[PDB]
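K.L.:
Using the sequences and the accompanying hints, generate a full structural model.
Protein chains: 2
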Amino acid sequence: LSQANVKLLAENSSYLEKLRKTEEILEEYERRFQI
Amino acid sequence: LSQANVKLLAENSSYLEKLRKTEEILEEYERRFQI
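Going line by line, the protein sequences match chains q and y. Under the deposited numbering, think of the first position of the first sequence as 327, with each following residue one higher. Under the deposited numbering, think of the first position of the second sequence as 327, with each following residue one higher.
Hints in this document: simulated from the structure, not taken from any laboratory. Some clues are possibly wrong.
Remember, identical chains collapse to one label, so a pair may be satisfied in a single copy or spanning two.
Claimed, not checked - The list that follows gives simulated cross-link-like pairs (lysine to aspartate or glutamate, EDC-like), each with its CA atoms no further than 20 Å apart:
(1) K333 <-> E343
(2) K333 <-> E353
(3) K344 <-> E354
(4) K347 <-> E337
(5) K333 <-> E356
(6) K333 <-> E350
(7) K333 <-> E354
(8) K344 <-> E356
(9) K333 <-> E349
P.N.:
Structure follows, in structure tokens:
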């Protein structure tokens with residue numbers, strides 16, 4: 327918790343941000359088919 | 327409260343799994359969507 331958590335938290339944030347972006351993109355993508 | 331560093335690891339894995347759902351979710355549709 328002096329090193330591993332530091333990188334892990336940094337990566338956690340990165341992973342969360344990636345997920346956030348993808349979900350937002352996906353929400354926009356609701357209009358990819360319909361018919 | 328190791329459910330700091332290992333909770334964090336477990337969460338990171340959980341989020342990587344989530345990213346990997348979502349990235350396929352974002353890629354699909356494109357095959358017929360792009361038309």
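K.L.:
So, for every hint listed, does it hold in this structure?
P.N.:
Here's how the hints hold up against the structure:
1. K333 <-> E343: both (15 Å within a copy, 18 Å between copies)
2. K333 <-> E353: neither (30 Å within a copy, 29 Å between copies)
3. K344 <-> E354: Answer is both: 15 Å inside a copy and 18 Å across each meet the 20 Å cutoff.
4. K347 <-> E337: both (15 Å within a copy, 18 Å between copies)
5. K333 <-> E356: This pair counts as neither: shortest intra-copy Cα distance 35 Å, inter-copy 33 Å.
6. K333 <-> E350: Classified as neither: same-chain Cα gap 26 Å, cross-chain 26 Å, threshold 20 Å.
7. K333 <-> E354: neither (31 Å within a copy, 32 Å between copies)
8. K344 <-> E356: Both ways: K344 and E356 sit 19 Å apart in one copy and 18 Å across, limit 20 Å.
9. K333 <-> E349: Neither way: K333 and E349 sit 24 Å apart in one copy and 23 Å across, limit 20 Å.
Hints 2, 5, 6, 7 and 9 from the earlier list are contradicted by this structure; the remaining hints agree with it.
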